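A lone chain, given as structure tokens: the form deposited without this ligand.
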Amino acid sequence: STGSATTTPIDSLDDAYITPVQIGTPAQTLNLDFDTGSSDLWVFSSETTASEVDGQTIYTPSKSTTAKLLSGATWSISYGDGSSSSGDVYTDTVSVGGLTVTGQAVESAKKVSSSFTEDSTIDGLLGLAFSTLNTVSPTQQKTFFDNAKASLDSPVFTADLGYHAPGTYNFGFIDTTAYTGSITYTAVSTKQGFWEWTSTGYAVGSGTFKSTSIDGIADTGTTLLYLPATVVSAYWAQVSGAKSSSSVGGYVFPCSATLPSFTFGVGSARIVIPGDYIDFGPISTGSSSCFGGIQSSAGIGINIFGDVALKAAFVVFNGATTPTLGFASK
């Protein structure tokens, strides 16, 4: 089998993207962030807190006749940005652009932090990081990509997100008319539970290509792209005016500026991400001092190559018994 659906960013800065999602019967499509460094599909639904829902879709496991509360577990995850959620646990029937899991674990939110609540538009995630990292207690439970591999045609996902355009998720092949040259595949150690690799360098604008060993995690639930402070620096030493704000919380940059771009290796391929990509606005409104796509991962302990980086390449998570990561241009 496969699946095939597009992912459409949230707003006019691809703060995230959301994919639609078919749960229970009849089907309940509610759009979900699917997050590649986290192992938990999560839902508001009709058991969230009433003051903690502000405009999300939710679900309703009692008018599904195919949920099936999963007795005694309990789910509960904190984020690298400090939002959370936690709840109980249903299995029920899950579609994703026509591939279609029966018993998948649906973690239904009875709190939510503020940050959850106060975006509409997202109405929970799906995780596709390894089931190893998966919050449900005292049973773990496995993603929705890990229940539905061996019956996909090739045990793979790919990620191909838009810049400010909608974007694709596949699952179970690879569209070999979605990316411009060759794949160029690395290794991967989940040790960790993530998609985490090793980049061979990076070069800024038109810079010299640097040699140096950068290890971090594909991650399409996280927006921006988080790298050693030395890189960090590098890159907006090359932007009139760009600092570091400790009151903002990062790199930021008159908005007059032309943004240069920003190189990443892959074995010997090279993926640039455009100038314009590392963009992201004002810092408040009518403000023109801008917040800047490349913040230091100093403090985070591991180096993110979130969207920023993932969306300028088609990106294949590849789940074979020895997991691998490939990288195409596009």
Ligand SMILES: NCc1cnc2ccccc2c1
Given for the second form:
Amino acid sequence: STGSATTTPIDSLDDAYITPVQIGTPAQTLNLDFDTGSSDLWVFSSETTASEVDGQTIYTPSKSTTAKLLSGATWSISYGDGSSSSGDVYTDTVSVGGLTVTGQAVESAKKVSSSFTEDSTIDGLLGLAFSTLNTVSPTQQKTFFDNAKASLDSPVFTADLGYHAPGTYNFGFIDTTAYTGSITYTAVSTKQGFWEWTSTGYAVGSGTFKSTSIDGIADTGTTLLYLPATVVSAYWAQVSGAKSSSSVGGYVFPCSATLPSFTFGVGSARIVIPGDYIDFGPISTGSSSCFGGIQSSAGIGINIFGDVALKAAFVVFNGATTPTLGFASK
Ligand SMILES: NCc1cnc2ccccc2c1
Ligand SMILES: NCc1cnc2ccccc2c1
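Output block for the form solved in complex with this ligand, input the form deposited without this ligand:
Following is the full complex, with the preceding chain placed first.
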């Protein structure tokens, strides 16, 4: 089997991407944030605290003839951005782009943090990291990909995120029309539950490539590119007037700037992030200070190849017995 679904930026900055997902019988379609950095499929629901729902579409399990309470199961998650959610668990039929899993754990939110309530565009998350990170207790549950894997034509999914434009998630096949040149594969460690890999180095604009190992995670559920402070200082030193602002919480730059590109290594291959991808716009409405898309990972404890980096590539999440990542230009 295969599936193919379009993913759409939630706003003009590509702050996140939503993908429609069918849950239940008859189908209830919710727009979920596909997150290769976490392993829970959770949704706004008919059980969510009413004051914490502001415009989201909700899953109502009582209206699904295939929904079953997973007796005694609860879940509770915190994300790197300080956001959180928790609740109870149903199993139900879940379809993405024509690919159907029966008996998927659908984690129904009873509580969500302020950031989730305040974002009307995201109805929940669909985790695509390894199932060892799933938070369901007392019986840990499998991701949508882990449940689908054995049925797929090939045990893979791909992320093709757009810059200010829709993109695609595919399951079970690699669309050879969707990228240029060849796919370079690189080793993955699953020891922390992430798609964790080692970049071979970086360049700033037309500068020389620096060969240096940068361990980090491929994370579709993080907006920005978080890298070591040495690398980030080198990038922003090429932008007149750029500075790290403790009050704003990262590097800012004059909105009148033209930003340089950023290149990262995948083995002997190179992925180029255009400068425009690194502009996240005014820090507040009408400001001439703009927020940078490359930020320090100091204090996060891991480097994160988020959407700023991934949207410059066609990315293969290879779930073979020994997982690997693939990157192509596009
Ligand atoms: N996309 C989910 C996510 C969020 N925040 C994180 C912070 C540190 C490490 C991994 C993280 C993964
Ligand atoms: N890194 C995963 C993640 C964390 N927090 C969020 C808050 C609001 C919307 C989407 C979010 C996604």
